[PDB]
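Written out below as structure tokens is the structure these notes cover.
Every protein chain of the complex appears in place save one, which is left out.
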Amino acid sequence: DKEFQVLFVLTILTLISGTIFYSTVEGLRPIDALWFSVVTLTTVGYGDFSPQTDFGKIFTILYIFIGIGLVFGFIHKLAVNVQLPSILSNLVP
Amino acid sequence: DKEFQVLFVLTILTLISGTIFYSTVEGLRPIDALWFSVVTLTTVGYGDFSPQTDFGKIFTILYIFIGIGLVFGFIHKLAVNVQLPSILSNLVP
Amino acid sequence: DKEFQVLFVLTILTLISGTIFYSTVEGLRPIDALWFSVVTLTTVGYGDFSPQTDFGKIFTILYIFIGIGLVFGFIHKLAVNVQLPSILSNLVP
Partner (left out) sequence: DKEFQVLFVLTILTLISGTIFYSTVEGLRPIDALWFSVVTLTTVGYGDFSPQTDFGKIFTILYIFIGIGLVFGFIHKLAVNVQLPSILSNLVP
């Protein structure tokens, strides 16, 4: 609970920061900026969008090193503290 | 066994859900929809396909956060509870 | 040693299998086939190459689920049993 909540808030703030940056510096729509932020921090990287400016590339490097840690943390706790118990509870007939 | 079976079923259902969504909203062939779902949840992300609609992008964001946890879980148990023993058994002359 | 050797051989065989498949079914040069196999199993996925046939896509799905487990295993042991000690040994003045 309290741990998953913190991680949830930290993830939300991280994605908000990305959305604001890419819509500003790279000129993306806010929706596309959020899309790029997620596709980046989860390391999926389709490359349908990518930073065209040097500022954009430099920020993204730092965004990645800082962002991956907490994003996968959230993903991990979400799966281990939320999804796991639920699946088990559904396996009791 | 019982753990790997559950994870196997959960993975199958997850991929089925993706196949139905992308063939519907993004208009992909069912085979290409399954292909995108896998390439997404394993975080490979070639970008040969990517969602063009806003609905598609929003769903994929949620699909990723929810899907990665179980997909890598399956991958992990598959390697640790199935592949590992087999390799060891083949190393006894 | 014996563990890292096994993992090394298993990785080599896996990459050889990929090289043969993609040069055959997708018609890539052997070098490009090996390149795609690695870029796939390490989950990097540039998408400079991607399978164009349905056979190619179906095989790759299976290749991914089976291959990621051992490839990251090798990567892990390589870093924990080989790179780690070496760095420490270089930190003794």
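Letters are used for the chains, namely A, B and C, taken in the order the chains are written, and counting of residues starts over at 1 for each.
The working rule: a contact is a pair of C-beta atoms (placed from the backbone, for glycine too) under 8 Å apart; a residue touches a chain by one contact, two chains touch by 3 or more.
*Asks:* Write down which of C:10, C:25 or C:38 is the residue touching the left-out chain.
*Replies:* The one listed residue touching the chain not shown is C:38.
*Asks:* Taking the full complex into account, find the residue in A:20, A:25 or A:64 that is in contact with the omitted chain.
*Replies:* A:64
*Asks:* Since one chain has been left out of the picture, which residues of chain B touch it in the full complex?
*Replies:* For chain B, the residues touching the absent chain are 43, 45-47.
*Asks:* By the contact criterion defined above, which parts of chain A meet the unshown chain? Give residue numbers in ascending order.
*Replies:* Here the touching residues of chain A are 6, 10, 40, 43-47, 50, 54, 57-58, 61, 64-66, 68-70, 73.
*Asks:* By the contact definition given up top, give the residues of chain C that touch the hidden chain.
*Replies:* 31-32, 34-35, 38-39, 42-48, 74-76, 78-80, 83, 87, 91
As a working rule, only the chains that are shown with their structure count from here on.
*Asks:* Centre of all protein Cα atoms: which chain's centre is nearest to it?
*Replies:* If one averages C-alpha positions chain by chain, the most central is B.
*Asks:* Averaging only over C-alpha atoms, locate the centres of chain A and chain C and give their separation in whole Å.
*Replies:* 26
*Asks:* Can you tell me which residues of chain B touch two or more of the remaining chains?
*Replies:* Answer for chain B, listing residues that touch two or more other chains: 43-47.
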